[PDB]
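Undergrad: Each chain, letter by letter, is given below.
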Amino acid sequence: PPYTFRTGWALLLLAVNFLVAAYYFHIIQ
Amino acid sequence: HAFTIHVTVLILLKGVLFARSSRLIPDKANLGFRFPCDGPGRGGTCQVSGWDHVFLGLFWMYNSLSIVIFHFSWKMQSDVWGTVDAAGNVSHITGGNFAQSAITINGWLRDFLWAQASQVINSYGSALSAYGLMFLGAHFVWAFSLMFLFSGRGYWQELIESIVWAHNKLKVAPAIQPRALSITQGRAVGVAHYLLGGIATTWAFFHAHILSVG
Amino acid sequence: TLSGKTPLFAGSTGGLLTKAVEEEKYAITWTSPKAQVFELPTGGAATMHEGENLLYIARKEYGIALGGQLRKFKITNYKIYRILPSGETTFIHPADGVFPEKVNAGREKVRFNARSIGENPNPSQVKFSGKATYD
Amino acid sequence: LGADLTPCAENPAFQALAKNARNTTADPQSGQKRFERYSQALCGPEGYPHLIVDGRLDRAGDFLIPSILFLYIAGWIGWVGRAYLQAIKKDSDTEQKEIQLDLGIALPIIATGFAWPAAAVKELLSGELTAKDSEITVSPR
Amino acid sequence: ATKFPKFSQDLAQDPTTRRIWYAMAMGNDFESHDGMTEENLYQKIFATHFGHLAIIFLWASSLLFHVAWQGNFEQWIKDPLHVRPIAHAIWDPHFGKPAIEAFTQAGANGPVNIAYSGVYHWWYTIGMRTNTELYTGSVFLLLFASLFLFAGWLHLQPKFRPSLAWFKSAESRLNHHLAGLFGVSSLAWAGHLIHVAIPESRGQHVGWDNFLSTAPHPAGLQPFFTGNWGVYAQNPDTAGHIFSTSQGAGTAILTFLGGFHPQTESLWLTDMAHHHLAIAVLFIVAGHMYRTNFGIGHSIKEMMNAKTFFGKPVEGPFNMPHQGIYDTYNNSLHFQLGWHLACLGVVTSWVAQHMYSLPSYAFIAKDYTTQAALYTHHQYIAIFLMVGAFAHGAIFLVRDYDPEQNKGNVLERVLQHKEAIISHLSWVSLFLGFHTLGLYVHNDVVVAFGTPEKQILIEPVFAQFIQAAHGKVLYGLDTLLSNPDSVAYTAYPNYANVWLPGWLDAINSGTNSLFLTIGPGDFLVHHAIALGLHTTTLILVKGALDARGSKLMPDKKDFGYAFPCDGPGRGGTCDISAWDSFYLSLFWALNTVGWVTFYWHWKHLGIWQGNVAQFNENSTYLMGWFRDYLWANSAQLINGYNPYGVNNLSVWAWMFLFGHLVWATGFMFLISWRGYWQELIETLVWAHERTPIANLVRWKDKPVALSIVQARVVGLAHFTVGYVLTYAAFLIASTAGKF
Amino acid sequence: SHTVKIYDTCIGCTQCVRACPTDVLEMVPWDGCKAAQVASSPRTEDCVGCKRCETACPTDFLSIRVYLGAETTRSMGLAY
Amino acid sequence: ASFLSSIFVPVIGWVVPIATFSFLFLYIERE
Amino acid sequence: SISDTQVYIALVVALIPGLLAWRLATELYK
Ligand code: CLA
Ligand code: CLA
Ligand code: CLA
Ligand code: CLA
Ligand code: CLA
Ligand code: CLA
Ligand SMILES: CC1=C(/C=C/C(C)=C/C=C/C(C)=C/C=C/C=C(C)/C=C/C=C(C)/C=C/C2=C(C)CCCC2(C)C)C(C)(C)CCC1
Ligand SMILES: CC1=C(/C=C/C(C)=C/C=C/C(C)=C\C=C\C=C(C)\C=C\C=C(C)\C=C\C2=C(C)CCCC2(C)C)C(C)(C)CCC1
Ligand SMILES: CC1=C(C/C=C(\C)CCC[C@H](C)CCC[C@H](C)CCCC(C)C)C(=O)c2ccccc2C1=O
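Residue numbers (my numbering), protein chains in the order written: chain A, 1 to 29; chain Z, 30 to 243; chain F, 244 to 378; chain C, 379 to 519; chain G, 520 to 1258; chain P, 1259 to 1338; chain W, 1339 to 1369; chain L, 1370 to 1399.
Treat the hints with caution; some may be incorrect.
[What the hints assert, rightly or not] Footprint (simulated), chain Z over chain F, 3 or more residues, beta carbon under 8 angstroms:
| # | segment |
| --- | --- |
| 1 | 278-288 |
| 2 | 291-305 |
[Stated by the list, open to error] A few chain P residues facing chain Z, derived, Cβ under 7 angstroms:
| # | residue |
| --- | --- |
| 3 | 1306 |
| 4 | 1307 |
| 5 | 1308 |
| 6 | 1309 |
| 7 | 1334 |
| 8 | 1335 |
| 9 | 1337 |
Just so you know, these hints were derived from the structure itself, not from any lab. Even for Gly, the Cβ is constructed at its ideal location relative to N, Cα and C.
Could you build all of it, start to finish, from the sequences and the hints given here?
TA: This is how it looks when you write it as C-alpha cells:
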C-alpha cells in the first residue's frame, strides 16, 4: 500500500507534538 | 569459622567423592568433570558435576573468608591496635566495642559495616576518592553477577533470536551465529563477577578505613 | 533362577537401601572370560570372576550403566532382571534377547505420531478434553 | 530556563567554586580556564552548569552539537561494520574473516566510512538496506 | 495412592514429598484440576470470589475493631498533628521490661504499635468521631462479610448455580458494573459525604439517629428539583475554617473550589462530594451503552466484527481487524484476568501518584511516615498487579489463544511481528541503560575527583514546562495557566475556570507535594525509572510473545506455562518457559519499585526537613544516594537496639535484619540448583536408614530435593519477602525516627 | 510416568536408543525412512526424563520428544 | 477485656497451629 | 475505649461469618 491512513494519523500526532512544542517555545500563547 | 569451613569442605568433598557417580547419576564420570546437568529428569539433575560443587564451594569459601577478615579487622581495631599514653594506657581504634557488639548481627551491621564504611563513602574530593569509586564499582559488579546466577541460558538465547532478527532485517547478521553463554559459562561468569565484586568491595572498604584510622 | 557368584570387593554404602526389600530390586548377570577389576555403579573397584557374575543393584539405570562398562570389557551377554518383594524375577533387558539399538522383527511401533512435531494441535483445541496435544 | 537557573557568571555559588577550582591537567591555569569556559553556561543555585537539551539554538553546544558529532561517528562505525560483514559474506571462509580481520577488505571500508550518510540514503532508497520479512528466519507463531 | 490432592491423580500417586508442595502450588489453578468442565470452572470461581470479598470485609472489620478497642482515635481527634495513631495492642510474652517500657507510647497504658496505614485520618475525614462509631462499623462489616460468605455457599447449590451463558453475558455485566457497582456506589458515597462527612467537618453531629430529620442543606432539595443548583455552591467553607468545628464553616454541599483546605492541607470535602456526584452521573450514563434485554444498546461483538464505516468498507474499528477479539476476551479467563490486572495495576500506581500530591484526608500530609508507607505500599501492589497482568497474558497465549478463531485480527498481527516488538524493546532498554548509568558514573567520577561543576546535569525542561502549563510560576515560562493572558487561564468565552484560583494557590505554595520542583536529580532518576519500566516490559512481553514457541523450542505450547527446561541439549534450555520470564521480570519489577520508592522517599525527606538542597545537589551521583539516603538514614534504625538498651524502633531494627536474612536465604534457592541437593538428601536418607534407633521411625513420603521450578518459586518468594520487609523497616524507622 | 513420543521425521539413526540410560527406547522395522527402522518407546515406565535421547536426535526439529508427566519412584530416579 | 489477649494470642500461637498441622498431616497421609 | 460487653458481642457476631466461612470452604472443596 501507499500507507496513506497510518502516515495521516502519524502526521496528526506529530502535528500535536509540534503544537505543544509551539506552546513550550512561546510561539503561541 | 569452624561452621563456614566445615560447610565449604562438605560441598568440595561431596564434589570429589561423588564426581564419578552417585545414587542419582551412576555414569557421571562419562558425562565428565564439567557438564551442566543430566536434564530435568529424576526430579532435576542441575549442578551434579564436580565442576558445579567447585562453583558452590567458591561462594562458601567467599562467605567463610569474608567473616575471617572481618573478625581480624574488628578484633585488631577494638582489642590490639591503638595509641599508647606516656603512662602506658592503650586507647584502641574502636575502643574495645568488640566484646559487647560482635555478639549480635545488628552489632556487626552497625558497629563494623555501617560505622567503618564512613571513610569509604566520605572519600570523594580527597586522595581516597578512588576507594569510594572502587567501593561502588565493586557493589555494581557484585549485583551484575546476580543476572548470570539467577537466570538461565534458555531466556537469553530466545532474546538473542529477536536481536538476531533485527540484524538479519538490516543485513548485519554475523556469520559467527550469536549464542547465549553455555549453562556452565553462565555459572562461571556468575561466580567470577560475584567474587570480584564482593572481594573488591571489602578491599575498597578496608583500604579507605585503615588508611584513615590506621 | 539367577545363577552367578557376587563379585569380590562388591561392598560399599552405595548399595541396596530399604527399597530393595519393600518396593523392587534389580540384578545384572554376565559371563566374564577372565577375573578383572571394574568400577561398581555406586563407587568402589569390584573384581569380576571368570564365569557367571551376579550383582544386585537398586535401580535399572545402574544395570544399563554397568552394561555400558561391560561392553568396554568386550562383554555383551549381560542380562538385567527386576526382582519384586514376592521373589517374582522378571528378565527386562535385553527385552527380546536382541539389544534395542539393533533392529529386530516382531517389535511393533509404540507411541509413534504419524506427523511432524510442528503438526501437533494447539492446547486450546484439546482444552477441557482428556487427550493432550502430543496424543 | 527554569528551577533557579542564572548565567554562571552572575551566580555567586559559581564564583565561590571558581576561586577554589582544581587543576584537571598539568596546566596550572586549567582550573581557572574551566570556570572561564563554564561562565557562559546556565548554573543552578549550587553553581554547577545545568545543560538545556530542548533544541534551543543559543544552547546548541549543550546537546545538539554533541548529538550531531556522536551520530556522525556512531553511524560511521555502524556503516563500516555493516559494509565489512556484507563484504566477507561474498567470500568462502566468512566465519574465519569475522575472528581474523581481512585488513585488505576492512581498511578501504574504514577509509570510505566518512560518506556513510550518502551511502545510507542511497541504500534506503534502493531497497538494499533491509531484507524481506518472508526471507528472514522467524519463530513458529 | 493417597487421597490428597483430590484434584490431581498425577500428584496423588507421587510417592515423594513433591506431592505435598505441588498440591499447594496447584490448589487455586482450577483449570488444571481433574475432570474440571468450563461451567464448573466459572461456578467454582464465582463462589470463590464471594470468599475473597468476605476476607476483605473481615480484614476491614479488624482495622475498625482493633482501633475502636486498643487505639487512641478519640484522643487523636483532639490533636491529629501531635498524637501518634495506635494500630493495636502488643501481647508478647517474650518481651523484657525495657521493651515493654519502649513500646508503651502514644499515651497507651501498655505496649502498642503506632499505625502507619492512615486509617485514623481516613475515618476522621469521612465523619467518624467516636470508638462506638468505629465499633459499629466493624460489627456491620462482620455481618456484610457474613452475607457474601452465605451468597458464595448459596450460588454453589444446584438450583442457584449460574449457567455458562450467564457468565458469558458480558454486555449486561458491563451495564450493571458501570451504572451500579461504579455509578451508584459513587452516588451513594457523594450521599455519605453530603449527609454525614461535611456536617461532621462543620462540627454538626449527624448519625443514624438524626440524619432523616437534619437536612444536608438549609434550602432542602427544593433548588435541585426546580433546577436552581447554584444554591448548593453558595456560602462555601472559608479559608479560616477549623476542621470538625463551626468556626469559619459554610453551608455549601457541592462547591468547586480547587486546591486544598488551608488547615488540613487536604482536598475540600464539598469538592470531593461534587466529584463523586459528577462521577456517578457519568458512570450511570456509561452503563446504558450496551444492549442486554431491551433491543437498544451497542453489541460489542458487532462493534469488533463491523467492516463498514458509513458505506465505505474498513478492516474494522479504526480500520484495524478486531474480528474474534470479543470471543477471545469473553471466552479466555486468563485474557480477562491478565487485562484486568493491567488496568488495576495502572489504577493502583495512579492512586499512589495522586494520594501523595493531592491528599484527601485531613492532616495526612503532615503524617510523613503514613504518606511514605501509603505511597510505597500502593507502588509495590501496582508492581505485582502489572507483573501478574503479563503473567496471565502469557498463560492466555500458551493455554487459551486459538490462532484459527483470531485469524487476521490485531492479536495475530502482534504475534506476526513479535521479533520487531522484542528487538525494539531490547534497544530502548539498552539505550536508556547505557546512557543513564553512563551519566551517573560520569557524575560520580567528576565529583569524586573534586570537580562537581563537570557533572552532566540535564534540566527536566519538558516536565518543568508541564508544571508551568499547570500554573507553577517558579520556572518563569509564562505559558498556559502560568500566563494570565492565555485563553487556558481565562477560558476566553465562558470564564468558568472556577477551579483555578484554589488550584494556583495550591500549586504556587511550596508547602505541599503538588507538582514538586524538579531538577537534574529528578531527570536522571525518571530516566532510571523509564529504563526499569522498559526492561520489566521487555522481559514480560518477550515471555508472553515466546510463550507458544521460539527457534530454540518451537513446540513450547505443548509443555505449557511453567516447566523447568527442555534439558541441556541444543546448547542448554534453562529458564526457557514463559513462567521463567515472570520469575525474571519480578526481580526487575522489585528493582524498579526500589528506584521509584527510594526517589519518592529521599526527595520527600529533604522537603520534610526543609533541606531540598541535599537531594538537589547529591542525587546526580550514586554515591550521594548511597551516603545521604541509605547510610545517613540507617543511623537511628540500626540503633533500635544496641548494648546501651532499646527504643520503640527495636522491632524495625530486628525486622530490618530479618529482611536481610530472608533475602539472602532466597539467593541459596536461586544460585544452588537441584542436582546438588538431591545427591545430599540421598546421603541423609542413607544415614537415617542406618542409624540404629532413628531407623525405628520412617517417612510416609520419600524425601526429595525441591523441583527446578519450585526452587525458582521458593527462591523468588524469600527474595521478595526479604526485599519488602527490609525496605518497610528502613522506610518506617527512618521517617518515624526523624518525625 | 513421562511420555516419549516418536514423530515421522525419524531417520532411524538409533542415537536416541543408544543414549537412553534406562532402555526405554528400541528400534522397530519401518518403511518411512531410508534406514528402514524407527525409534519406539515401549518401556516409558522406566523413563527418568533425562532427555539424553532428545540431545542425541539429529533431526530439525526433534523426531523424539519427552513430555514430563506424573512422577513415580522410577521416574524420580530414587534408589530409596 | 485486655485479659482476652492472654487467651487468644497463645491459642493462635499454639492451639490453632497444632490442631491445623495435626489435621493437615493426617489428611495428606490418608490413603 | 469500647466496653467489655461490646468486645463479647463482636466475638459472638464474628462466630457467624466463622460458621459461614467453614460452610463455604467445605462446599468449595466438593
Ligand atoms: C557492525 C556492527 C553492528 C551494527 C551495524 C549493529 C546494529 C544494530 N544493533 Mg547490534 N550488536 C553488535 C554489532 C552491530 N550491531 C555486536 C558486536 C553485538 C554484541 C555486543 C551487538 C549486540 C546487540 C544487542 C543486544 C542489540 C543490538 C541492536 C542493534 C540495532 C540497534 C542499535 C543498537 O542497539 O546498538 C547496540 C550496540 C551494541 C550492543 C554495541 C556494539 C559493539 C561494537 C561497537 C560494534 C561492532 C563493531 C565492529 C567490531 C567493527 C568492525 C568493522 C571492521 C571489521 C571494518 C542495530 C540494527 C539492538 C536491536 O536489536 O535493535 C532493534 C539490540 O537490542 N546489537
Ligand atoms: C488478581 C487476581 C489473581 C487471580 C485470581 C490469580 C489466579 C491464578 N494465578 Mg495469578 N498472578 C497474579 C494475580 C492473580 N492470579 C499476580 C498479581 C501475579 C504476579 C505475582 C500473578 C502471577 C502468577 C504466576 C507466575 C502464576 C499464576 C498462577 C495463577 C493460577 C494458580 C494460582 C495457584 O494455584 O497458586 C497457589 C498459591 C501459592 C503458591 C501462594 C504462595 C505464594 C505467596 C505469595 C507466599 C508469601 C510468603 C509468606 C506467606 C510470607 C511470610 C511472611 C514473613 C514475615 C514470615 C490461578 C488461576 C499460576 C498458573 O499456572 O496459572 C494458570 C502461575 O504459574 N499467577
Ligand atoms: C547491577 C545489576 C544488574 C545490571 C547492571 C544488569 C543489566 C542489565 N540487565 Mg540484568 N538482571 C539482574 C541484574 C542486573 N542487570 C538481576 C538480579 C536479574 C534477575 C536474574 C536480571 C535479569 C535480567 C533479564 C531477564 C534481562 C536483563 C537485562 C539487562 C540489560 C538491560 C539493558 C540495559 O538497560 O542496560 C544497558 C547495559 C548495561 C547497564 C550493562 C553495563 C554496561 C557496562 C558497565 C559497560 C561496560 C564497558 C566497560 C568498558 C567494560 C569494563 C569491563 C572490563 C573487564 C573490560 C542490562 C545489560 C535485559 C536485557 O538484556 O535487555 C536488552 C533482560 O531482558 N536482566
Ligand atoms: C529513548 C528513550 C527515552 C525514554 C523512555 C524517556 C523518558 C522520559 N523522559 Mg527523556 N529524553 C530522552 C530519551 C528518553 N526519555 C533523550 C534522548 C533526551 C535528550 C537528552 C531526553 C530529554 C528529556 C528531558 C529534557 C525530559 C525528559 C523527560 C522524560 C520523562 C518524561 C517523558 C518525556 O519528557 O520524554 C521526552 C522524550 C523525548 C526527548 C523523545 C523520545 C526519545 C527519542 C524518540 C529517542 C531518539 C532521540 C535521538 C537520539 C536524539 C537525536 C537528536 C538530534 C537529531 C538533534 C520520561 C521518564 C522529562 C522528565 O524528566 O520528567 C520528569 C523531561 O523533562 N527527557
Ligand atoms: C554487607 C552486605 C549487605 C548486603 C548483601 C545487603 C543487602 C540488602 N540491603 Mg542492606 N545494608 C547494609 C549491608 C548489606 N545489605 C549496611 C552495612 C547498611 C547500613 C546499615 C545497610 C542498610 C540498608 C538500607 C537503608 C537498605 C538496605 C537494603 C538491602 C536490600 C536491597 C534489596 C535489593 O536487591 O535492592 C536493589 C538495589 C537497589 C534499589 C540499589 C539502591 C542503591 C543505589 C545506590 C540507589 C539507586 C537509586 C538510583 C536513582 C537508581 C539509578 C539506576 C541507574 C544507574 C540505572 C538487600 C537485602 C534496601 C532494601 O530495603 O531493599 C530494597 C534498603 O533500603 N540495606
Ligand atoms: C505465637 C505465640 C507464642 C506464645 C504466646 C509463646 C509464649 C512463650 N514462649 Mg515462645 N516461642 C514461639 C511462640 C510463642 N511463644 C515461637 C514460634 C518460637 C520459636 C521461634 C518460640 C521460642 C521460645 C523459646 C526458645 C522460649 C519460649 C518461651 C515462651 C514462654 C516465656 C514466658 C515465661 O518466661 O514464663 C515461663 C513459662 C513457662 C516455663 C511455660 C508455661 C507453661 C507452658 C506454656 C505450657 C504448659 C502445658 C500446657 C497447659 C499444655 C501443653 C502445651 C501446649 C500444647 C499448649 C511463653 C509461654 C520460653 C519458655 O519459657 O519455654 C517453655 C523459652 O525459653 N518461646
Ligand atoms: C496525560 C493526560 C491525558 C491523557 C492520558 C492518556 C491518553 C493516557 C493513556 C494511558 C495508556 C494508554 C495506558 C496504557 C497502559 C497499558 C498497559 C499497562 C498494558 C498492558 C497490557 C498487558 C499486560 C497485556 C497482556 C497480554 C499479553 C502480553 C499477551 C496477549 C494477552 C494479553 C492482551 C492479556 C488527558 C488528555 C486525559 C488529560 C491530560 C493529562
Ligand atoms: C530534535 C531534538 C530532540 C528530539 C528528538 C526526537 C524526538 C527524535 C525522534 C526520532 C525518531 C522517532 C527516529 C526513529 C527512527 C526509526 C527508524 C526505523 C530508524 C532506523 C535506522 C536505521 C535502519 C539505521 C541504520 C544504520 C545506519 C544509518 C548507520 C549505522 C548502521 C545502521 C545499519 C545501524 C531532543 C529533545 C531529544 C533533543 C533536542 C533536539
Ligand atoms: C546476561 C546473560 C547472558 C547474555 C550474555 C551474553 C550472550 C554475553 C555477551 C557479552 C559479550 C561482552 C559480547 C561481546 C561481543 C563482541 C566481542 C564485542 C566487540 C566490540 C569490542 C571490540 C568493543 C547469557 O547468555 C547467560 C547464559 C546463561 C546464564 C545466564 C546468562 C546471563 O545472565
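Undergrad: Work down the list of hints and note, for each, if the structure agrees.
TA: Checked hints:
{"no.": "1", "hint": "278-288", "in the structure": "holds (count 4)"}
{"no.": "2", "hint": "291-305", "in the structure": "holds (count 4)"}
{"no.": "3", "hint": "1306", "in the structure": "holds, 4 angstroms"}
{"no.": "4", "hint": "1307", "in the structure": "holds, 3 angstroms"}
{"no.": "5", "hint": "1308", "in the structure": "holds, 4 angstroms"}
{"no.": "6", "hint": "1309", "in the structure": "holds, 4 angstroms"}
{"no.": "7", "hint": "1334", "in the structure": "holds, 5 angstroms"}
{"no.": "8", "hint": "1335", "in the structure": "holds, 3 angstroms"}
{"no.": "9", "hint": "1337", "in the structure": "holds, 4 angstroms"}
Hint compliance for this structure: no hint is broken.
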